[PDB]
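Let's start with one chain on its own, the form deposited without the named molecule, as structure tokens.
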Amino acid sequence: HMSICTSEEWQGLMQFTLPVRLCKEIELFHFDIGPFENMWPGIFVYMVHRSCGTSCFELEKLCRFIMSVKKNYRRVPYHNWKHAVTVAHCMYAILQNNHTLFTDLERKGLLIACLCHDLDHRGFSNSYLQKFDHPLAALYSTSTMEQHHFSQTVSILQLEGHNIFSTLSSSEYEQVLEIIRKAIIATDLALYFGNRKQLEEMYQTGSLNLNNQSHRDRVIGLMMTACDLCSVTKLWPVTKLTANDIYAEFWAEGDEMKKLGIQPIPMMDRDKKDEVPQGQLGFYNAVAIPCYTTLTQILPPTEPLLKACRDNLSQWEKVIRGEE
């Protein structure tokens, strides 16, 4: 059921060399992978090597894994291969700035979880799947697509010559799969609200403790949200172009809902584009800003993400004032 890369594809990646000029840019939070499409797989290899080490994974298996992952993302407007690499780069930047707070196993697991976190996304939301009783909603009662993404991740690792984690001890192997499962499930925004509220309380009361596994799981979960939403932390033109893709996907879902006799929420209605700026303001105030605010309190080095998010909030406010 999984697509598999070709030999030409993974061998090509093995020989790829990242232009020297980008080495410096990739370390920055605001880096936009957009203008370097042919280099995306190579950029991921580079980040894994820098964060985890050039020998952390057998190169041949890592290249097969990456190119097969790319082949299992669909040609949808937003939850595609570009989104996966963008989210993984944000994780790389967060890890580089907070390196020793995380174990080697966590860094490998998180970069991989980010690349695979939307695997086989079809362009439809959990709301849609559950509303119309898709088979996936029966199999996965909550966090439907996310449980599916994790299942797809395991399926790729099971492809011949694709298991980049086999060299881990049996104990660490189970530990990394759990890190990945929890990280992918955390990308279900439905869970973010409670996770952020809990973390803020733990932080403020001083009970937050990183040697407490349940606390670590929650911090990692907020990092996942922060990376998944990072388009709001790029330079405005980038943030604006990405929003176009996000809505293109939403509108296609809304179109299907109308065919089934259900009026879509305004956000998914292509006939209600005038409501988008206010909708963005609402998302930033209720989701994005609080997310990066709490992440910055827990991990000070991530402050640049919050500053960028605040700048974009101001940009959406300018749009509402008619200053676009």
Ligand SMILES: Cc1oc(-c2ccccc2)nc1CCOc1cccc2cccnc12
Contents of the next structure:
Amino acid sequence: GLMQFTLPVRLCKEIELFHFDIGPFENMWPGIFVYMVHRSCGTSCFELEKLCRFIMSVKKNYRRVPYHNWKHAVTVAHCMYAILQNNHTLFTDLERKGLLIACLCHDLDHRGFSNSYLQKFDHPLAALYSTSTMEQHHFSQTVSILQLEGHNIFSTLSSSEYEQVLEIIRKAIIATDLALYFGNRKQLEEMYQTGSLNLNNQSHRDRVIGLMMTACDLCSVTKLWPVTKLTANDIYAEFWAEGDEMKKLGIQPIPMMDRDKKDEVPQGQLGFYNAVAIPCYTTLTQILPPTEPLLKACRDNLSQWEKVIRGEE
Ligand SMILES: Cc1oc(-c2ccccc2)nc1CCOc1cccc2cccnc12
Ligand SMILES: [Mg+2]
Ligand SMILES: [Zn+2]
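I would like to compare: after the form deposited without the named molecule, may I see the structure of the form deposited with the named molecule bound?
Full complex below, order starting with the chain above.
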């Protein structure tokens, strides 16, 4: 009960900042996550024995893909930790529990391929789940792991609290389907601007949590430039693998996934920042003012990509 995780001084301080990088030492990432649950939630939220066994089963069920790996899971959970900590009183006890777990599980058993590639391959998962194919799989894998003997970290919740938390985790994971983000943000934009936004409206909270999930999931674009630049290598390593597999099915991939069109990356990153990233962190900063450092970091990185195009790097 009296057993805290404590990080070295530099990590203790930097972990509170949005732009924190969890570093190259995989064996510290579990402790970093537990530390975040303890400060975000309390040291009583979860039985440490059960949490540790849940964390290690989740790790085991992430694959060795260049980007959609265990490091991404923990990176995305840290961004959620930073949002929750800077917005203390806006979130219920259950929401804080559910969202950190949702972020850790959000890409469980990812194979490094998009929903589009699964559908064109005619993968069995595409027959079982016609939309948000991988996201329904990620939630399915999360429930499976929760049902292993000794892995039910929620066991001390009432029946109805348990139903609410799994419902938060499901919506949270489904919302990481980027195809759903555009509509979700347009709606939140309209509600904020016409003043109809109401955080006691459960349907409104769902939407806001959805946007937080998109913000955490894209948080690669909110790190310091060298982290952002080196993560883009991993992101494109998966895309180009998928493009190779499209060509094997006799389908020219979109240029984003064609390794023959590496030259067009800087312009592709610009469009992505302008069409997805900047709009996401702007609407998030309007709804939750203390998340502005994410918008500011994103704008810095947009400017760094503009500099790449102008041959200045
Ligand atoms: C779809 C996507 O997602 C991310 C990303 C996702 C999460 C964090 C950081 C970046 N980056 C992208 C790249 C969007 O880039 C692109 C978009 C469109 C055409 C392109 C042509 C060549 C190269 N890139 C391109
Ligand atoms: Mg995903
Ligand atoms: Zn993800």
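Only residues modelled in both forms are compared. Numbering follows the first chain given and starts at 1. So that the term is clear: the rigid core is the largest set of C-alpha atoms that superpose within 1.5 Å between two forms.
Just one of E58, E37, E27, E256 moves its Cα by 2 Å or more between these two forms on a rigid core overlay, and this residue is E37. Superposed on the rigid core, the forms differ at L18: its CA is offset by 2.6 Å between these two forms. Superposed on the core, the two forms differ at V238, whose C-alpha moves 0.3 Å between these two forms. Segments of at least three consecutive residues in which every Cα is displaced by 2 Å or more between these two forms, once the core is aligned, are found at 12-21, 34-38.
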